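Next up: just one chain, as structure tokens, the form solved without this ligand.
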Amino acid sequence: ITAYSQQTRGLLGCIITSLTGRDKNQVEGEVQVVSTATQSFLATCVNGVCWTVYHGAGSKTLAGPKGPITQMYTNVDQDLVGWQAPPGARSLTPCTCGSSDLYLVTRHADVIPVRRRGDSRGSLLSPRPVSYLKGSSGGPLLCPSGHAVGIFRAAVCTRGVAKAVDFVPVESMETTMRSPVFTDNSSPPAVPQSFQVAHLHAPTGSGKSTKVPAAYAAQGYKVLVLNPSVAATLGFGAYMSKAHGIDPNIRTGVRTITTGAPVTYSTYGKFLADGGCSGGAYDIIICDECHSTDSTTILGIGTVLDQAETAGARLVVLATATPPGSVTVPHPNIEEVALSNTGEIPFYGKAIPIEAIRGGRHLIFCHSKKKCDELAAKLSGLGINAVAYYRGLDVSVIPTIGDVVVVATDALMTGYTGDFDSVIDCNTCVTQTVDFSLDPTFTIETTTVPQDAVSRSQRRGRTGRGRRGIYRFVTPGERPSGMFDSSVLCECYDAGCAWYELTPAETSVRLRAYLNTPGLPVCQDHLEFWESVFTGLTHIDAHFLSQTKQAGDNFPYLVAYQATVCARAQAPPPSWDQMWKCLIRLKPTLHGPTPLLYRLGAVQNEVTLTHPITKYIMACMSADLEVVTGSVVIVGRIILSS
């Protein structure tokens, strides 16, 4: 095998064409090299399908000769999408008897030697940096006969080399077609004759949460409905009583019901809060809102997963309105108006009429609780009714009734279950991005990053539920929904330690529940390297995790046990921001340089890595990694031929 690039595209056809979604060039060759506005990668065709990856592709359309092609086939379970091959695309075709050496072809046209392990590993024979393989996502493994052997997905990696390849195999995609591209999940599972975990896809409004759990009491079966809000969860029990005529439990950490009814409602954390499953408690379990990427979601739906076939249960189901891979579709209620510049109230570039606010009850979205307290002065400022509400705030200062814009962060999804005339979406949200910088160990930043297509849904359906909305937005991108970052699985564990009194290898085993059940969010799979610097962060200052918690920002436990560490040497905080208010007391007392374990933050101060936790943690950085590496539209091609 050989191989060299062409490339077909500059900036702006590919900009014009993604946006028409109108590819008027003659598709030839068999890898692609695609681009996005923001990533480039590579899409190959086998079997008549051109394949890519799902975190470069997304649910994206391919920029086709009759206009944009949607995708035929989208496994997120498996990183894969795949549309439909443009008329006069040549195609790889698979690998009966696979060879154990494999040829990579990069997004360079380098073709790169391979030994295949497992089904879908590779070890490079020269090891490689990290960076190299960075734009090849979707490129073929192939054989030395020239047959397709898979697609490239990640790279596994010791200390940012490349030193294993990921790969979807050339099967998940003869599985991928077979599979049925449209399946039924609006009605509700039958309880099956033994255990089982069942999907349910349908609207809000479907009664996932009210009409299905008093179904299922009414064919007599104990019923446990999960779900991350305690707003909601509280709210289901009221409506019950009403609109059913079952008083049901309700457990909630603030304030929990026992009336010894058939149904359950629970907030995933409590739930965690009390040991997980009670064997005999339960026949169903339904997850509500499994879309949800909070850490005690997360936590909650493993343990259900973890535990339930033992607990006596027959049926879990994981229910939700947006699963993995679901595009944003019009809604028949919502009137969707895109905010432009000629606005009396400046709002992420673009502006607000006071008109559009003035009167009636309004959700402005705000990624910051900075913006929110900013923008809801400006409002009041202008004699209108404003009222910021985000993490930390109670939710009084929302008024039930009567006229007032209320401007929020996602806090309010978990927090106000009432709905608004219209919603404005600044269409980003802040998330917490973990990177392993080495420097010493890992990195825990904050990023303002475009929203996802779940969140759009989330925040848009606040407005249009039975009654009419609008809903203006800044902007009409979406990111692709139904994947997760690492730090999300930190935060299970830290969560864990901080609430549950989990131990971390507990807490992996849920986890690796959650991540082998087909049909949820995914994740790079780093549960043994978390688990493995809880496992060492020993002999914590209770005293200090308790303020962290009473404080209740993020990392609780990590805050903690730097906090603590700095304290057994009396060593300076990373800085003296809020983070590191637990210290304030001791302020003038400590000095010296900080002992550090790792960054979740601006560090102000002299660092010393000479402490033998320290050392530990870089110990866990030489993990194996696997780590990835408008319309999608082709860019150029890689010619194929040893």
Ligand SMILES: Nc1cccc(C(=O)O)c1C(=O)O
Contents of the next structure:
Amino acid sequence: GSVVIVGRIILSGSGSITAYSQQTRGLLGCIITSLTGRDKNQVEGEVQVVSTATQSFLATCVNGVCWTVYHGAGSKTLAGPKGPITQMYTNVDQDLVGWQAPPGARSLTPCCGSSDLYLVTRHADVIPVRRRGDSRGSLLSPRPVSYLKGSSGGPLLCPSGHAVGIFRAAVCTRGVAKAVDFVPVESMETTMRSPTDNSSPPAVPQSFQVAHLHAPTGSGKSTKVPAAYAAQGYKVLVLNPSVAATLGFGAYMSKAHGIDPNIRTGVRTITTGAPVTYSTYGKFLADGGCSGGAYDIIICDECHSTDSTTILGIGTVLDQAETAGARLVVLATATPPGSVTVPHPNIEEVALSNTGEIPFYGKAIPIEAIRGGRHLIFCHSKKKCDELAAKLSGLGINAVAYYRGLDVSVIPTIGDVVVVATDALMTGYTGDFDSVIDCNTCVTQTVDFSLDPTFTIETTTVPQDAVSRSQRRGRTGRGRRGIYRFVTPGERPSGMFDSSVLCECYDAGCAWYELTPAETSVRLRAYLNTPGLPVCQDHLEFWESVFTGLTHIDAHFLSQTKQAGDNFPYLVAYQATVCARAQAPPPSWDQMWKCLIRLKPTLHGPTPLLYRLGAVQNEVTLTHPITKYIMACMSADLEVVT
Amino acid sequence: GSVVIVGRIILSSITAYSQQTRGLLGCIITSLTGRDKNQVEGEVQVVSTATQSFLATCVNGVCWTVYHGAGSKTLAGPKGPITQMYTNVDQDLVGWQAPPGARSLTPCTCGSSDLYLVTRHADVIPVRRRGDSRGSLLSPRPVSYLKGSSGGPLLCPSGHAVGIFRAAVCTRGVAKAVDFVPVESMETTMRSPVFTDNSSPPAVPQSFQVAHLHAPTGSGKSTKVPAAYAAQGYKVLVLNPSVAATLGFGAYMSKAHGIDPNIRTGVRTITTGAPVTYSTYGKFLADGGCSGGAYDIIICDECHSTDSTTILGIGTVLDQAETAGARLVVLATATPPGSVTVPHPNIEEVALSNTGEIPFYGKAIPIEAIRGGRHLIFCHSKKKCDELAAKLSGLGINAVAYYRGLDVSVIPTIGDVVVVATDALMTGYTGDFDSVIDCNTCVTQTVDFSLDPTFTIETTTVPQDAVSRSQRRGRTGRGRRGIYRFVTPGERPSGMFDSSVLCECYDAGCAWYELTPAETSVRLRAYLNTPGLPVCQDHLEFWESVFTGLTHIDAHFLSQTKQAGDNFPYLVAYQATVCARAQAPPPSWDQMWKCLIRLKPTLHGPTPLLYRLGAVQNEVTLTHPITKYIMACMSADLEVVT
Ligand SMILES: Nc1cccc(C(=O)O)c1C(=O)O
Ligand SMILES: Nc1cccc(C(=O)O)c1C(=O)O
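Same protein, different condition: the form solved without this ligand was shown, now please give the form deposited with this ligand bound.
Time for the whole complex; same chain goes first.
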């Protein structure tokens, strides 16, 4: 699935910056060219209209490099004359990707910094921008954000027609684009002028350094590399998203490499005074972060993880580590931002067809593929797991469902099995399988600044990303041969997460780790300011302002939402608090609002709605001080992609 | 563009599972050819256009779905594209003869009131039958869950079809009930004569009847047919959308039929005392509708027209004509709902290529196309009209822009010209042209029940529909050889309009026609309830409820929003009234809020927003009684398509 040129924007050569559009390709041409990776059409112009199957945006040639945004192109190839053109430049952090420009492409030249600027839009509109900083400009006449959509990668031209930068995000005030965020031309020059690798453990530097370990699978990033450090006489801390992983390392490292490491998890903590410690990011945060000179090296393992505890944890490490005398911080992952799933020699990859006795995600699994052996099937949801496991056992298959809220002992270590599991499997359970069958979808949460009155956390099913595919596919072919069976090829890009997750770090700061909103912003900032980690729109000021106003929460409701393990325990207990204090009903009577069930006979009238966390079925009032406070926060500059 | 089976929903206790039988490429290629040599299975099909995805259910050898999804489109099928056997815009229902090897479901006779809705995700929602077309959902669900499920079956416990899903019944974004096309409507449509002759004017009956006149372009439905009737000693009212056409018909009867008719328009009235009157819809409304015993026949010309005035004018006739001693109502149009664009023997139709020195909508116009002769070029906006007219005048073409605002004397009646016009040309100018060049797009208005705090009227560029395309093309080829140049062959289904048009009717009722919202409801209900006219979602109770609360309007602001001639003068002036009375700024200082400028340095604080009519730049307050009122109005059943 390449990126295709489907038209171009032609700029004027004299006087005022004007532009007109030309469409060179229809839908069929596009989808065919996307498949072949082969575009024999002659490139004209500096500004390309580009399309994937799912979205359309712009691209601008500058210094012989055809430039666009990471958030639109991923690490996809460009359809070219001799075939797919690989990306010469992928920079997730600057939101910038670049292809060697093909024959007959022309470049814009870099802008004597004028402050009178001109954004070329995808409908070839030329809108005036006033330069405000290195990467910002204000829209002279503010416009709706819809006006700027699909204009990512468009040029910001100064009056000479020279390029200042390429458009990457709109800055909003309650839905109106008041400014533009761009990728400067200087960032392109830095990208093209930077000298790499990251496959080997970093040597311990003389003074504090953050370093990256992009370890291949089966190279001992969590056992061999911390052991090796400890042999050199270093004190090392290994932080992992998973209790099951953390204990398995402890057990393996006591058994094989000699050291009986200290273990720090909720369920199990042991101090041996050995130079190595395996911890979860959760236990580490519960322990109050970095302690006085205990560690020389901090291995932040699975640093690709975008759950709130890993982001908070890594954030804490980065802000605290140097001051606590660490010499080195390692950000370790097999799958960094921008990385893509490529073939594995121990893994036969087999497209699931419509022939098979088990219907699976519009295609079909044959019974004889899962008749013999131990097999893992990924499903997006609890219901589908409970359904599939029932259908399969009915056909005489030893089918077990695993998902959150269940104990792992359900999965046998021993014999024939089909485990039907959500992504919960992967932090819950350490075992491998003879084949994996992957639905290639997952559940995600997305924020919407919906202004009805405030925001919505929206739950959705999305295409899986490169990190998902590779992690799930990697549950097979470990040391031996395996099969990987799928519904769709191709992934959405890796290394990006929603502003929803930032909200979720504040929620956890507040619910679990006794962090003020201010305290969490310092940690999250450390995470965002560090390059090479997953990336997010900076909504730190926004989210801090929301959580700052949520005061005098009911302790009891919060313990309940915490224990019940659902998303946003703070935000749920907090809405419940406002409801109970007003003797008002919850937004609905979904399982989310169960803390209120005792009170149900006493609760009447419209719910004082703070935000939307699901369907609102009851009538609403927007009069409450806290609704109003959260409505006022919505005035914050919100940088959103377009 | 055919509809394409891309999958199927296999049916069993009622359970369902889905199979995907086609990808995006296959869909595009199949949609282009109309040959789908894939074997049809099941009784529920998953189907697709370029834009939409929905369901089809087979009952009585007929493969049924929604008009709002499928339009008049052929179905890709084994030996090429299957043209639709049934089209019922009023019932929202289309049928194609089921392809061989495709099972039908048997109709449900035993009126069981426990029903089961089948979604496009193969889920089986319990639904309790309420009336003929409605079932209440046993567990209210967000509207988005039901998206893509139009044409899916409502099953009784037998497994027998009750009807097909067509719409969600919403309370503030939550589907609490479903609307469906029942099985009895399918039989009625089936049992109906496939072609009924509406070519010839009907006989005047002894008792009141409403009749349809579907007569070809050229057949004098506004001259020869009123003339013929009057020759029989009948009194005829001919209603037209256009002031220019109304005057023009009176100019032609004087000549070719020896009747000097009465003429009624805003600008000009003539009373000759004749048996024929030509009036505009708006003048007919200004006059106070139907006067008793004034007319025997009312011919509502151009009755496919979905402007607010024509809809209100037609409803007024349907409600008042019988009681005013009329015996016949003729609903007259060349383009009735469901009609498809067809070859015209006078019009050479030629697609624009990318070769040509005049960029136009991504394609190009050769200068040899428009150098010499008199041509009409249709653009969606006046900005595009001005750019193009400026470009062409540079090129040595004698071009002229025409739109709302401009006087039609800009267009020379003689000599070479290129007219660059919006659809405003249609009602303002009567002449024809050597060629028409069409952008195939138009500006429309769309309601969104956005709950931020109330509703939004959104302005959007949409593909044209068969009616528009016809109307635009029909400006060439009149009694001579035309050329018709286009950007795209795409054309949306005809005979449908948006809920904002209903809003527009109440607004015109209150601003212009001295109508209470209850009076507008009577009229719009006559229009809605009459079959064979354009169709709309029934939101009369909702709009009447909002408009009813808009009491004590500032007359000075209203006269101003009227004089200014822009849309929703009543809503605009009413928002202004509240801003002024609460001594607060307008939502912005866009042209729309010009009425407030005399008061600008006295006006401070948040806007009391009632609804959104464009971008809101100022901070907002929800405290106003009127705002709280319109919010209470939003709790009404809103029937929406998903
Ligand atoms: N594939 C693995 C499974 C468990 C542990 C490790 C490790 O970090 O040693 C690995 C590996 O990546 O080598
Ligand atoms: N194309 C027309 C132009 C003017 C008048 C008439 C008419 O109704 O007589 C027509 C027509 O379509 O017949």
